[PDB]
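Student: So the chains spell out like this:
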Amino acid sequence: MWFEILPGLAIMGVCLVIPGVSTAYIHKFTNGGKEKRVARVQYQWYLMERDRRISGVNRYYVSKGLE
Amino acid sequence: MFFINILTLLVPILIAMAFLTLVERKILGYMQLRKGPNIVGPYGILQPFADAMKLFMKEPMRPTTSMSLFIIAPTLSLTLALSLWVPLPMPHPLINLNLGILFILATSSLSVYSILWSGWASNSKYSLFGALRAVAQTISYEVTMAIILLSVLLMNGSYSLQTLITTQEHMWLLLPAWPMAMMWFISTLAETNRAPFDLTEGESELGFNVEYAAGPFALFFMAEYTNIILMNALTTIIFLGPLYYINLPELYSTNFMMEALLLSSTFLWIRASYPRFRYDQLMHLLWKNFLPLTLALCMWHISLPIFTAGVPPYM
Amino acid sequence: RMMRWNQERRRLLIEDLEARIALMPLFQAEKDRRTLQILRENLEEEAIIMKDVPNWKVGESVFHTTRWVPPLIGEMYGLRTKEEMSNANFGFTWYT
Amino acid sequence: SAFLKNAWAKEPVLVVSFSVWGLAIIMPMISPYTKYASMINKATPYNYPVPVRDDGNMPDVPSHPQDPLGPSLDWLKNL
Amino acid sequence: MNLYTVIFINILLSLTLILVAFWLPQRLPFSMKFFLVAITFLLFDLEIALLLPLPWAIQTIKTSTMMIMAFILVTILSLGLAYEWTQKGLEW
Amino acid sequence: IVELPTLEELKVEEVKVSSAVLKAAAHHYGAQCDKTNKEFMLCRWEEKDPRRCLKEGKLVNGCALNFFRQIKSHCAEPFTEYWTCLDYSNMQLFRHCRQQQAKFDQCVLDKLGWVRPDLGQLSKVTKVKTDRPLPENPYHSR
Numbered sequence: 119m120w121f122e123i124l125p126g127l128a129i130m131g132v133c134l135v136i137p138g139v140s141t142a143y144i145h146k147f148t149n150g151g152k153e154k155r156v157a158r159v160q161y162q163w164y165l166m167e168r169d170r171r172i173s174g175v176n177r178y179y180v181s182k183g184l185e
Numbered sequence: 371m372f373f374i375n376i377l378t379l380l381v382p383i384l385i386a387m388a389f390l391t392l393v394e395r396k397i398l399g400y401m402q403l404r405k406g407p408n409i410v411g412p413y414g415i416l417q418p419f420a421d422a423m424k425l426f427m428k429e430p431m432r433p434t435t436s437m438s439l440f441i442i443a444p445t446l447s448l449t450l451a452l453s454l455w456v457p458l459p460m461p462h463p464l465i466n467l468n469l470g471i472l473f474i475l476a477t478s479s480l481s482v483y484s485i486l487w488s489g490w491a492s493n494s495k496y497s498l499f500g501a502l503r504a505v506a507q508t509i510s511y512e513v514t515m516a517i518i519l520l521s522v523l524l525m526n527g528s529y530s531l532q533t534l535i536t537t538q539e540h541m542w543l544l545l546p547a548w549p550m551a552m553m554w555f556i557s558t559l560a561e562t563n564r565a566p567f568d569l570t571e572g573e574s575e576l577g578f579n580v581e582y583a584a585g586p587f588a589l590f591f592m593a594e595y596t597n598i599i600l601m602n603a604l605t606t607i608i609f610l611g612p613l614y615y616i617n618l619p620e621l622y623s624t625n626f627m628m629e630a631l632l633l634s635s636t637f638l639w640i641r642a643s644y645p646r647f648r649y650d651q652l653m654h655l656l657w658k659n660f661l662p663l664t665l666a667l668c669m670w671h672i673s674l675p676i677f678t679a680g681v682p683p684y685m
Numbered sequence: 005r006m007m008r009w010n011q012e013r014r015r016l017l018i019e020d021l022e023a024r025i026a027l028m029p030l031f032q033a034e035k036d037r038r039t040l041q042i043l044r045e046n047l048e049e050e051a052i053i054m055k056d057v058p059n060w061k062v063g064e065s066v067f068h069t070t071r072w073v074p075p076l077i078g079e080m081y082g083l084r085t086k087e088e089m090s091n092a093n094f095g096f097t098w099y100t
Numbered sequence: 065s066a067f068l069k070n071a072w073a074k075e076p077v078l079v080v081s082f083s084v085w086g087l088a089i090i091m092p093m094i095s096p097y098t099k100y101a102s103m104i105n106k107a108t109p110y111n112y113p114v115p116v117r118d119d120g121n122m123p124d125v126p127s128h129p130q131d132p133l134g135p136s137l138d139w140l141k142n143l
Numbered sequence: 172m173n174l175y176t177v178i179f180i181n182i183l184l185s186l187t188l189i190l191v192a193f194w195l196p197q198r199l200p201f202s203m204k205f206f207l208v209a210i211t212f213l214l215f216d217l218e219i220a221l222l223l224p225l226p227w228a229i230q231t232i233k234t235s236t237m238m239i240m241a242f243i244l245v246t247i248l249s250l251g252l253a254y255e256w257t258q259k260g261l262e263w
Numbered sequence: 603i604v605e606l607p608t609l610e611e612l613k614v615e616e617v618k619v620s621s622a623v624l625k626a627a628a629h630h631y632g633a634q635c636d637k638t639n640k641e642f643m644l645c646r647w648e649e650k651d652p653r654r655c656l657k658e659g660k661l662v663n664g665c666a667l668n669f670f671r672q673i674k675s676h677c678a679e680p681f682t683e684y685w686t687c688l689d690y691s692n693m694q695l696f697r698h699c700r701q702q703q704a705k706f707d708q709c710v711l712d713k714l715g716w717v718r719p720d721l722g723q724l725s726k727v728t729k730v731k732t733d734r735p736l737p738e739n740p741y742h743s744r
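Protein chains in written order, with the working numbering: chain A, 119 to 185; chain B, 371 to 685; chain C, 5 to 100; chain D, 65 to 143; chain E, 172 to 263; chain F, 603 to 744.
Calculated from the structure, these hints are not laboratory results.
Quick reminder that beta carbons are idealized off the backbone N, C-alpha and C, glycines included.
One or more of the hints may lead you astray.
Straight line, CA to CA, 25 Å or less: simulated SDA-like cross-link-like pairs of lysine to any residue [what the hints assert, rightly or not]:
{"hint": "1", "chain 1": "B", "residue 1": "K495", "chain 2": "B", "residue 2": "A476"}
{"hint": "2", "chain 1": "A", "residue 1": "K152", "chain 2": "B", "residue 2": "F372"}
{"hint": "3", "chain 1": "A", "residue 1": "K182", "chain 2": "F", "residue 2": "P735"}
{"hint": "4", "chain 1": "C", "residue 1": "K35", "chain 2": "A", "residue 2": "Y161"}
{"hint": "5", "chain 1": "F", "residue 1": "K637", "chain 2": "F", "residue 2": "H698"}
{"hint": "6", "chain 1": "D", "residue 1": "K106", "chain 2": "D", "residue 2": "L133"}
{"hint": "7", "chain 1": "D", "residue 1": "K106", "chain 2": "D", "residue 2": "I89"}
{"hint": "8", "chain 1": "D", "residue 1": "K106", "chain 2": "E", "residue 2": "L207"}
{"hint": "9", "chain 1": "F", "residue 1": "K660", "chain 2": "C", "residue 2": "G82"}
{"hint": "10", "chain 1": "E", "residue 1": "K259", "chain 2": "E", "residue 2": "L207"}
Quick partial rundown of chain B residues pointing at chain D, CB under 7 Å, derived from the structure [claimed, not checked]:
{"hint": "11", "residue": "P412"}
{"hint": "12", "residue": "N625"}
{"hint": "13", "residue": "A666"}
{"hint": "14", "residue": "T678"}
Could you put the whole structure together from the sequences, leaning on the hints where they help?
Tutor: See the structure below:
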């Protein structure tokens with residue numbers, strides 16, 4: 119019966135969600151719980167870099183009004 | 371970390387790539403009143419690994435040849451196909467590229483060589499012709515394939531595949547632009563040399579695998595199937611936009627999983643259902659039936675934005 | 005729907021471009037302030053190394069005009085941290 | 065006309081093909097929104113708007129962004 | 172760099188396979204049609220290029236000229252196709 | 603020589619806050635502090651030499667600093683919630699956070715009275731008159 123084709127599809131599927139969940143949590147871990155900034159245009163890289171200089175060395179650390 | 375994120379996004383796809391052949395040799399089976407492979411392993415789950423080990427152990431005959439193409443070519447086919455998964459924006463992409471779709475279009479285009487190189491490398495005048503069929507059709511279908519994307523982009527505003535997740539937050543791009551989806555789907559069927567458009571490996575010997583056995587056979591082989599997925603996945607981002615919620619990124623990937631599998635299932639279903647087109651029948655479709663439709667609908671997609679005051683926001 | 009969605013998006017495109025428009029003046033004051041510092045800091049080191057140099061003023065515009073001239077990223081960091089240099093040159097392309 | 069008919073039924077792609085070619089060559093000419101595209105895109109502010117000195121001889125220019133003077137995009141709003 | 176890292180792993184994975192694959196185991200076909208296609212292909216491929224900047228050009232303030240230009244390009248090439256059809260070309 | 607200004611001459615306080623924070627309040631900073639901002643900018647453009655317009659620049663940071671101190675005094679909690687949600691997004695897009703935005707914007711219209719500038723009305727060119735003489739011979743043309 120067709121249901122036997124499912125085992126194979128399942129294994130494919132599980133192996134196609136891993137990548138999307140993986141890439142989207144190894145980003146939120148490396149960037150400090152905040153989505154990796156996407157610097158499409160320089161302004162953004164500038165702002166990002168500015169952030170680095172503002173604190174520690176990493177941009178993800180984010181200083182606030184209390185600074 | 372980034373390395374781990376390279377294992378994921380690769381292995382997972384390779385393991386899934388293996389399970390597609392299985393779900394191809396069973397879905398084609400049940401459609402043809404037969405169980406398909408269930409005896410090796412449970413329900414045939416170990417079947418893809420089994421043939422892989424046989425293929426690598428058999429003598430790479432290396433058949434008499436230009437050697438460095440008998441080795442370089444297979445590698446290019448796997449390298450480009452696995453590489454094109456680098457930017458796919460399943461939820462977040464891995465390497466977000468501002469000109470992402472041009473990367474995908476360019477990387478696909480390079481695979482036509484592997485066919486050309488493999489065909490010249492065998493020393494069978496037959497093969498030299500077989501490669502010609504694929505190389506010619508690939509570039510041909512590429513011309514409508516590219517124009518169909520340019521129509522899309524102009525309604526997306528950018529070349530970055532990440533933008534479409536924000537373009538398709540209210541409706542799939544199938545509703546609009548369905549006429550091209552169909553034409554993207556048929557072109558995706560040609561570029562993966564799948565059935566309706568599989569003249570290669572056709573009556574030649576039912577072309578560029580003729581002399582390829584064991585490990586070289588496998589690498590292209592792997593490449594084709596990974597592509598089979600990738601192109602289907604590009605259909606599932608560009609035209610069928612999976613629901614995106616910024617709070618939970620995986621329902622995007624969960625639906626990306628569901629739509630990709632169904633459209634991957636569709637080309638499996640297409641293969642069993644249709645006879646293969648003639649070589650000229652195939653080019654007659656693209657240059658006569660599709661290219662005039664695509665070029666005109668291309669203009670409609672430069673006009674729809676302007677007079678409907680809908681010019682898309684860059685960025 | 006596409007017409008309405010992109011019109012909404014375009015309005016948003018306007019709402020955030022203006023947000024930087026407002027934030028730019030501060031950045032301009034900051035950039036310049038920091039830029040000059042890099043030039044000057046390089047002057048200190050410049051003098052330190054050019055003093056021994058025979059009859060070589062510490063620094064002189066290769067261009068005789070007295071107009072203010074932006075420094076090349078190469079001038080600003082060439083003698084600074086090589087890593088800093090690299091970041092400026094190929095940093096954005098490699099992004100993050 | 066008659067061929068047109070058969071053409072609609074035989075070789076029914078070109079017909080559609082040309083039809084679109086034209087409809088895209090017409091809608092822009094006749095539409096209540098075509099004008100907006102050059103405006104909506106014109107308005108989008110990408111490069112800083114540099115302020116002019118106040119000779120004090122200009123009433124048109126608004127002295128402050130929020131002033132009741134100057135350009136407005138309420139056309140963009142409620143579009 | 173991030174891309175470089177990914178790509179070299181990509182080549183490495185493929186070279187690894189072929190290497191194991193080779194190590195674990197231990198004259199005149201010519202039709203102008205084919206050449207003609209290749210040519211047409213580039214004439215179309217070049218056009219694809221002149222059409223690729225259209226996403227950035229959409230945002231151009233002119234708009235009228237943009238479309239007037241783009242429509243002329245698509246129409247003149249399509250006529251090229253038209254003559255290709257009319258002539259034996261594209262008829263293999 | 604180069605007459606590059608000295609460090610002590612260019613050592614002034616700055617906001618030094620995460621890009622997001624500036625962004626979150628940007629719309630109101632473009633509002634409460636453009637009088638001086640513009641001036642610095644007009645100085646900057648017409649007198650191509652930054653070195654010449656440095657002073658105006660110190661005024662810029664300062665005006666903003668208090669802008670922040672006032673925010674710190676009132677509706678600070680709101681602002682804190684708005685920036686944190688704004689920062690999480692990768693492009694720090696404004697529309698993901700509108701509920702948090704409404705609070706702070708509403709509050710500053712209760713406590714500080716300041717107003718969020720309507721779509722536009724910040725892009726429009728401004729007229730600011732400055733004592734600094736319209737630099738003649740900018741470009742130091744010969």
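Student: Output the numbers, in ascending order, of every earlier hint that fails for this structure.
Tutor: 1, 3, 5, 8, 9, 11, 12
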